[PDB]
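Below is one structure, written out as structure tokens; comments come after it.
Every protein chain but one is kept in place in this view of the complex.
Lettered A and B in written order, each chain numbered from 1.
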Amino acid sequence: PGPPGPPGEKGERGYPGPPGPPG
Amino acid sequence: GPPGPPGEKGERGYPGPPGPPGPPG
Partner (left out) sequence: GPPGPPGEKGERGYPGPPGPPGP
């Protein structure tokens, strides 16, 4: 069998974080 | 000879952006 293929693509960016605290 | 295995798992993505601003209060 041949060698491994190329590395996978980079993952999606994470979800946005939660809303900040009250001002 | 047959094809080799799949390549390596890709890199994890970048962290998400900060959340929205909090409530005015």
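Simple rule for what comes next: a contact is a pair of C-beta atoms (placed from the backbone, for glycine too) under 8 Å apart; a residue touches a chain by one contact, two chains touch by 3 or more.
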Interface with the undisplayed chain - residues on chain A: 1-23
Chain B residues touching the omitted chain (full complex): 1-25
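Rule of thumb we're sticking to: only the chains that are shown with their structure count from here on.
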Interchain centroid distance [CA atoms averaged], chain A/chain B, Å: 0
